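Before any questions on binding or motion, here is one chain by itself as structure tokens, the form solved without the partner chain.
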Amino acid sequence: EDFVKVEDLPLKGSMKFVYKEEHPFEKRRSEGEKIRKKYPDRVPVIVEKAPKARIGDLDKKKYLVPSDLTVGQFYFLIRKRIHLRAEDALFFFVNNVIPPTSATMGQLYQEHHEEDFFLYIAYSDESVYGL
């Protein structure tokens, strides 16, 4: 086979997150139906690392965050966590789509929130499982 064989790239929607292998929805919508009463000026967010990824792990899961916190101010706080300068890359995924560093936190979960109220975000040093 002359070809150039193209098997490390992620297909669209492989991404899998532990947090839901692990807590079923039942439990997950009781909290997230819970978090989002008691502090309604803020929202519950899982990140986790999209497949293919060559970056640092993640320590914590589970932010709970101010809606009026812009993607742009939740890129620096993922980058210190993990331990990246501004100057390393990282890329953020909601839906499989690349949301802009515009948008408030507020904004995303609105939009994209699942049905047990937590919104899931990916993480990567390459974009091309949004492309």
Given for the second form:
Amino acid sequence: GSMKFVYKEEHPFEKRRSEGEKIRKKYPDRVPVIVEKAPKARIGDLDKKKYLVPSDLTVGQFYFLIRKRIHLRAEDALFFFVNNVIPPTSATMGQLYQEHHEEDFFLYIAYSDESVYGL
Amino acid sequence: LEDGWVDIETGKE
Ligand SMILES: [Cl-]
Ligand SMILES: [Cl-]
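Write the structure block of the form solved in complex with the partner chain for the protein whose form solved without the partner chain appears above.
Below: every chain and molecule of the assembly, starting with the one above.
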């Protein structure tokens, strides 16, 4: 019913923000994205959560790359959520970062097999 | 890449 990210509990805010500062200066054409499975999803967790994403990639391109990391069957649907809404397909990841990044300078995206996050 | 980050297109750590 609302986004929950285990990553934020595991890493206290001040540590996250320091890392976000550094990674934005080191890789300025990339956006740092934390990717987690939504609770209740029947998908399986990524082996790694921390992705650097060229700002020019479209959201749709990002969808496909995450799908390949889950080794997800083509017939299994996959939806993404940022701040409780499904992002626009035409946006670039740089544009999504501009609108939705948090105060640690990361962008948080959840995925699920369901079109409703809390389901 | 650095700090455990994965470059998403190439898979470079
Ligand atoms: Cl974590
Ligand atoms: Cl970069």
